[PDB]
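S.K.: Chain by chain, the residues:
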Amino acid sequence: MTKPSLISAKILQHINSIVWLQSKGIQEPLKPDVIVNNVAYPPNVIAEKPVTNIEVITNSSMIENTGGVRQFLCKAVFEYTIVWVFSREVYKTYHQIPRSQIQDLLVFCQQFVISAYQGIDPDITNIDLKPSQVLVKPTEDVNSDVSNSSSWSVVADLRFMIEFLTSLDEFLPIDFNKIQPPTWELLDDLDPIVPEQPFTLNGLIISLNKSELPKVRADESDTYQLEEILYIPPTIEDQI
Amino acid sequence: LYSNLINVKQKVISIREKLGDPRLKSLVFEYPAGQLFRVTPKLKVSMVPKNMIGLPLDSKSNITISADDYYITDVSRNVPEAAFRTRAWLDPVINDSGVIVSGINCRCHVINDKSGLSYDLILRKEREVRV
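Chains as they are written, first to last, in this note's numbering: chain A, 2 to 241; chain C, 15 to 145.
Just chain A, with the same shape it has in the complex:
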């Protein structure tokens, strides 16, 4: 269904049991190493990137015409960036930083997000992985030790290509509450085109014709006689 519920489930699966995310924001942390259980751990942040490549193809075999409202299959790329900052005070050389454990944590998150098909949204039809990039670039302006040497920053991206089912009926003015008012005015004094409304069958009228002897024709009015006009629920009489 809707991408905000899906993205909330995606970040929940991300931080579920794999990555510990101390803060969420676009900024390398300048906090000291975090002390928990008398053990020091590096600062980290997560940047949730805006959803891109939002495309609706209507051209997949996994779209069922249920006959109520037209369904769609939507493709999206959901991009998350996790950054860990390793201070140079404790990590003197590049090779002693725990890059291996970061890669292990990254592959574990990839496996957990891929396996959780039924746990992210029921309407997910495909989840695929783009090749992840791991960078050991320096921090933005974060210095640790004497001489003002830049701290080690380990940056890992996760880009999930995900295909899921949607319908028109899933979107309501409640999810647009802080961006768009319901029932606004048209920008050029035009009328809004109202979509179709689900039609309810609250009466049926049948008018049958008794055709002439050779065969039914149904075009000329003298070749058939009106027999009766039938209202399938008797209560439709005198109502419409």
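Errors might be hidden in some of the hints.
[To be verified] Listed next, the in silico DSBU-like pairs over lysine-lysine satisfying Cα-Cα at most 35 Å (straight line):
#1 C:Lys74 x A:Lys138
#2 C:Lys23 x C:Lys64
#3 A:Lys50 x C:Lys58
#4 A:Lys216 x A:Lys76
#5 C:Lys58 x A:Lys32
#6 C:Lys64 x A:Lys138
#7 C:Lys39 x A:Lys138
[Said to hold, decoys possible] Beyond 12 Å from chain C on every Cβ pair, some chain A residues (computed):
#8 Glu80
#9 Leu202
#10 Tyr225
Hints listed in this document are in silico derivations from the structure and should not be mistaken for laboratory results.
Every residue, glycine too, gets a C-beta built ideally from N, C-alpha and C.
Fit chain C to the known structure of chain A by using the hints.
M.R.: Okay, now just chain C, sitting in the frame of chain A:
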């Protein structure tokens, strides 16, 4: 003469250390193979600001670094030229032995020798430093 001029320049510059300024940093070299050569004056040095660049080991790689350099202005010509081909240390510590434990590792990046009686040089910090 240019011979006694460098030595008198060292003597007059040795006044700067008698005044306590924080820009003074101790520079040592390892010009002979195994032991150290120390510049006589505790000369001053400025820091040119950092720049974010790719790795000099492989430029077209994911690993990037920040190039940090130091600008040493008044350094006598009495030091051997071949000392500049060897790694240098800023604010090093010497133990009881002939080795150094801590200090800031640097390599001569660019030489300015326009003045005939003193060198002036910029030296780039190593990617991995001790302190």
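S.K.: Now tell me, hint by hint, if it's right for this structure.
M.R.: To see whether the hints hold, each was checked on the structure:
no. : hint               : verdict
1   : C:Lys74 x A:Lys138 : holds, 13 Å
2   : C:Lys23 x C:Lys64  : holds, 32 Å
3   : A:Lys50 x C:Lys58  : violated, 47 Å
4   : A:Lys216 x A:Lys76 : violated, 55 Å
5   : C:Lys58 x A:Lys32  : holds, 33 Å
6   : C:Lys64 x A:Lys138 : holds, 14 Å
7   : C:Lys39 x A:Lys138 : holds, 29 Å
8   : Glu80              : holds, 18 Å
9   : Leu202             : holds, 64 Å
10  : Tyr225             : holds, 82 Å
In this structure, the earlier hints numbered 3 and 4 are contradicted, and the remaining ones agree with it.
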